[PDB]
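Let chain Y serve as the given structure and place chain H with the ligands on it in line with the hints.
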Amino acid sequence: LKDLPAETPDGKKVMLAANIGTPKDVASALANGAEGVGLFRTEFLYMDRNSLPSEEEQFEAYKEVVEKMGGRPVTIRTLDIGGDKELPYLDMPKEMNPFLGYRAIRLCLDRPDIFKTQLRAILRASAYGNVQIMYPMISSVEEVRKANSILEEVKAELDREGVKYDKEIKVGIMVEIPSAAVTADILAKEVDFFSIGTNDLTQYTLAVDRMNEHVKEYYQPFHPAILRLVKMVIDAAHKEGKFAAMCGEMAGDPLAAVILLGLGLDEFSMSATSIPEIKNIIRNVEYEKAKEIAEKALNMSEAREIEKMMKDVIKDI
Amino acid sequence: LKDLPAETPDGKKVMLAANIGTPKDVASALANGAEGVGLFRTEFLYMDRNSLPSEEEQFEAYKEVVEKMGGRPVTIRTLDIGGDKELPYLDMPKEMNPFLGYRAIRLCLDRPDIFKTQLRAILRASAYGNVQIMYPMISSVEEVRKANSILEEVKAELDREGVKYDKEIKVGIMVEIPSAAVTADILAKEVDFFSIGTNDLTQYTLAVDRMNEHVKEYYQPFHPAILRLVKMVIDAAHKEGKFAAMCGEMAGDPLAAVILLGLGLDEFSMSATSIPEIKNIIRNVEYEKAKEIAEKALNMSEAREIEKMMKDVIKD
Ligand SMILES: [Mg+2]
Ligand SMILES: [Mg+2]
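Quick note, the sequences are listed as chains Y and H, same order.
Convert by adding 768 to the 1-based position in the first sequence; the result is the number in the numbering used here.
Convert by adding 8 to the 1-based position in the second sequence; the result is the number in the numbering used here.
Calculated directly from the structure, the hints in this document are not laboratory data.
Check the hints yourself; a few may be wrong.
[Said to hold, decoys possible] Stretches of chain Y that chain H covers, calculated by requiring three or more beta carbons in the stretch to come under 8 angstroms of a beta carbon on chain H: (1) 858-865; (2) 908-921; (3) 975-986; (4) 993-1004.
Think of the CB as a built atom: it goes at the ideal place given N, C-alpha and C, for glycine as much as any other residue.
Chain Y on its own, in the form it takes in the complex:
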């Protein structure tokens, strides 16, 4: 049943959640047993249009998802877009390397008018259910503090207006810039949770644009560096009594599941149709064994060795 938990035969439970891109994705997420939305991408509100999305428009979309998820947590990622999306109204610079450029939280900090509208909408939606905020493209704890300063300005304005919001709203970050993983210990003290964006973490850590056909082979999700950074983030979160999620494609990859379980990942967020397959793996591997396998993976020097091992593991299940 989609209602059985992702729980090992020796009693370790993890959370399986859905990544969504619009409110229409909710039905499929629940049908597949999602326990929450680990990543609500908000780009849909900004794309394919000629004006900034109003607070009310954003609010209605966030509220719909929050309500339909019936108390399950909904982690909303703030604007994660750059000038490569070539959106007219946004009036963005042409850039030589947009992936390393003026995008996401950097755009939001430079344009707090835009950022405040979205934060207002999210905070208003939090009165209707279990909402979390997640900042993308964070390189440093200094940026988290800047972002939170704006969030607090918005909360104070809502207080003055008598507009309600969840005063206990949890605010975390995407860990995708390598510096955020390397300094996860510093960040863990000042965020409520981490969610690892392994797609971009892998690209930045290996300096590879995986959409570039000429270098696609250099995108290596099982590179030991990636496993090391993932472990570092998970351990840093736990040292501070906080949770570590992953919403990058890796979390929905059956080959990565046992390693992630063994490393102590708390929440796996993925395309909804991937949930049953990962749940089945978790329900059929002992946590004690998964820890041993993760340990073996961390001792390996090549991505292909880890992949060979993980293929053998899945075969055995």
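Chain H with the ligands alone, transformed into the frame defined by chain Y:
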């Protein structure tokens, strides 16, 4: 201070070397007391022309530098160029993010004809002085192996041709892709030395193109992540009994000098005119003190605070 060693009062010596971009840079390097060339950039041979540089042309350039340096080590970096530099004859593709694309060692491995021509010229040049080879843009040990395999093929060619080269030639890598720093322990077993390219390490680690005016402030050389990766690379080299150099701009920065010293950096490579100032700092700070200062820096959370501290350290 020219002929004076870069050595602390309590006896810790480091090597100060020059970064160069053309053989014409040698005189100034020597004038400022460079003990070697920590980075010979080879892009000049490929720029401003209608076809690839011949093996002979490359050879002549490398030979000149190696001889003029009179026995001092010359670390030659292999082709580091990407499609963002418009060199039509090169035929490199248009890319959305060239800094993360088909460039440097990736180009060389895909086009071994180009790579072999350069490697032959460097090897040939190594018969006339102290030459080292350094591969740029390495993300993994597997790439090092591939590059060395081509090097070995070239060595074999020269042997059959009875052409002379240094059999003991040292081969290392630039550490600038974050994965290479994170797995420096793996890489250290299979390279002869590291040189840290902090310019690009900082750009990749913080995901920032520092030439982008909208985000230039996100480029922060003293971010704790950069210091931690630098320490990791130095320690990894040392565990394998090997040396760690740095040729990024940080090595020439007076604010970084005491931290780098305290971390145990072996070689600082920089614009020639920066050498005297760095030497002066090293000669006027105790190694024991530098180690404490480095430890303090590595315990801090904010680049701005680290910079403040270092400004006070060298104020004297
Ligand atoms: Mg991302
Ligand atoms: Mg470089």
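To see whether the hints hold, each was checked on the structure:
Figure legend: the segment 858-865 of chain Y, annotated as covered by chain H; annotation consistent (4 residues with Cβ-Cβ distances under 8 angstroms, at least 3 required). With a threshold of 8 angstroms between beta carbons, the proposed coverage of the segment 908-921 of chain Y by chain H holds, since 3 of its residues qualify and at least three are required. A stretch counts as covered by a chain when three or more of its residues have a beta carbon under 8 angstroms from one of that chain; for the segment 975-986 of chain Y and chain H the count is 8, and the coverage holds. With 4 residues having a Cβ less than 8 angstroms from any Cβ of chain H, the segment 993-1004 of chain Y passes the three-residue criterion, so the hint holds.
Consistency with the previously given hints is maintained throughout, with no hint failing.
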